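Given as structure tokens, the chain that follows is alone and in the form deposited without the named molecule.
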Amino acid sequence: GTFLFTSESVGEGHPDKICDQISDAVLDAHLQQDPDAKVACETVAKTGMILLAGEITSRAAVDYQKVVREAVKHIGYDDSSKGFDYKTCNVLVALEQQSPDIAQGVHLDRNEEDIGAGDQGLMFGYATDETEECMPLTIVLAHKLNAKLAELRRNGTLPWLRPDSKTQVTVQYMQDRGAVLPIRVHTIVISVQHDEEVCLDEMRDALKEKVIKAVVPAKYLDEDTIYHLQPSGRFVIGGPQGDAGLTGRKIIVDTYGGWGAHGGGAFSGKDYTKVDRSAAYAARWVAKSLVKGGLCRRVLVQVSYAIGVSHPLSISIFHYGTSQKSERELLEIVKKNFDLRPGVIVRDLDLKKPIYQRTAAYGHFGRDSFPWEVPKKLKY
């Protein structure tokens, strides 16, 4: 019954993640002034460049140069020695208003509760009782390893660290009638951008002792655990200089790490009318509510929409064999307890609030008791 499963995560300075954070910094800046801003902000990053491309219709007055540069500063790219500098990079803007054809078909002259979905598409929510936060241990550990790197970089413990990092954790699991039980950590990968002076052995030792041991419980690590620490051997060039980044290129790191499923939509840079984000958040809320409500040990939820139509076109449940109730019964409980129209989700999950940049690194789920992480008490 044992098997392996692998998930990854990336740091705040990974170039795709830089784009997600900037996209969400732009969204938040708009929402601070105009709670009804229509935002679809893509970000692209390459050597010395942040480009914003997309569509925004808003009453806010946003200083894009300031918002972008402040987000880059927060990440830690503040000097040409690190490969990227918020003070001196190029910020290019190719932002237009939202298409009037989309606006008229989605929200113009519509009662908010009855606004149409901002696009068609499919979205999934997932929850697993293997951790208290109802997330896969593989991705929780991978996120915490990146967070630890950023912590040691920021506190000056490991001053040779740079913001760009990736981690990957393979866990050996057992299964019990569809639920999954972590046994041990089989393999860990860590790659992190570093300065020109530190040697490989100093980095590998610090990664094992100060990073992995500070995050992963010793009970999961043993003589057989495989460690791939700085496996490329050298990672001085990094950030956008090493690899072009784009918004919405870490959608599995943003969600469930390979577990469950994904509908394809990116979250960052989008207001609530874009169901790629709001309905995925609501589907996480449903899944977590079914697990915390004791109806199942793990569950996957699908929802789908058509542009301009408020009610979902379909809702589906996969409980992996972890409920005594059938999937048909769980679906009925979901339909009796939730209303997944985007104009209702916005109210339940408070999706006009400018907290989106906080979601754009370390996963959107299983952290900080955001509204979609607080289970709904179910009636049936």
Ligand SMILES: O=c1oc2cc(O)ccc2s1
The other form holds:
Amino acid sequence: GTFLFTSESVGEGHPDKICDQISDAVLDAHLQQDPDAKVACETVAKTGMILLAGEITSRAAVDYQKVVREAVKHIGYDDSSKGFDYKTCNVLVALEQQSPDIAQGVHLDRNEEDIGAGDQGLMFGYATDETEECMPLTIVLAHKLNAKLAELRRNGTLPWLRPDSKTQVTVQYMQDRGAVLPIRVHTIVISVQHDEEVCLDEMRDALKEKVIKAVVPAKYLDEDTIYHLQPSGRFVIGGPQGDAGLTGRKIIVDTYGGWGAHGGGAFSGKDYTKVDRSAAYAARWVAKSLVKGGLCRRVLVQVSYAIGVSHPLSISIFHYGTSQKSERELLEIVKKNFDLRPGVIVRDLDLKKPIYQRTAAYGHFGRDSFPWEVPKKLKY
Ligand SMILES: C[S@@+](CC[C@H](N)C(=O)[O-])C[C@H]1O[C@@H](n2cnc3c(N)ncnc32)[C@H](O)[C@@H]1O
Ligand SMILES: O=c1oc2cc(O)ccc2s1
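Moving on from the form deposited without the named molecule, kindly provide the form deposited with the named molecule bound as a structure.
Whole complex next, starting from this chain.
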């Protein structure tokens, strides 16, 4: 009855995550001045370069050089010794206005509640009762290991740490009538960029004693737990110098770590009219409301849209057998309690607020009581 499941996470300085954070820093800069800004900002990072490419129609006056460099400074890339420096990197901008064909089909002359979806697509929401925050334990632990590395880098405990990191956690679970119960951590991988002076043995000892032990409860660790710590043996070259980064290349880290399902849409750099973000946040809100409301222990929600059409084209609820109610009854409860038009989701989840850079590392779900993490009281 037992099985293994693995999830990964990455740190703030992983090059794809740098791009997500810059794309959301650009979105927030626009929203601070123009709450109705139409933003579709992609970021690319490679050695010495941040390129912004995409489409923005906004009344805001944004200094892209300052926004980008301040985001890179926050991450910690502040010297050529680390492979990247916010003060001296190249910031290239290839931003145009939003296509007038998209604008006319989606939002021009439309009542806000009746704005069309900004694109077609499918999106999923997922929730599981295995943690209080209703997230899979594998991805929660993977994110916490990266957050711990950033904390020890920033407080000077492990001054040899650099911002680029990856983690991976494999948990052994038991099945329980469709729900899943974590038993133990089977394997942990940690890879983190480091300075040229620290030895491999010091790093491996610190990753076990100051990182893993400070994050994973001992009840999940045993003599058989496998540790792959700095498995490549050397990671001095990192950040965009070691690997090109792009916005929207960590969409599973951003969501459920392989659990549930994904429709393919990236979140970062997009305003609420892009249902890839707003409907995915609403779908998480629905899933978490069903679990916290005691209707099921685990649930997958699918929604889909057509460009220019406000209402979803389809809504589906899958409860893995963890509810006494049928999936059709859960679907009727969802339809009676939620309005998944983007122009209504924006009001319910306050999606014009400039809080998006905060979502762009450590996952968009299970953290900080964001509006989509506060369950809705269901009437039925
Ligand atoms: C291994 S690289 C991807 C493959 C790479 N583009 C290549 O040319 O082979 C992917 C991610 O792994 C991490 N990474 C980079 N250099 C690494 C190293 N020496 N050891 C371990 N992980 C590393 C970084 O987080 C990087 O973004
Ligand atoms: O410190 C952290 O705590 C959590 C909790 C989560 O549920 C997900 C991600 C993180 S990163």
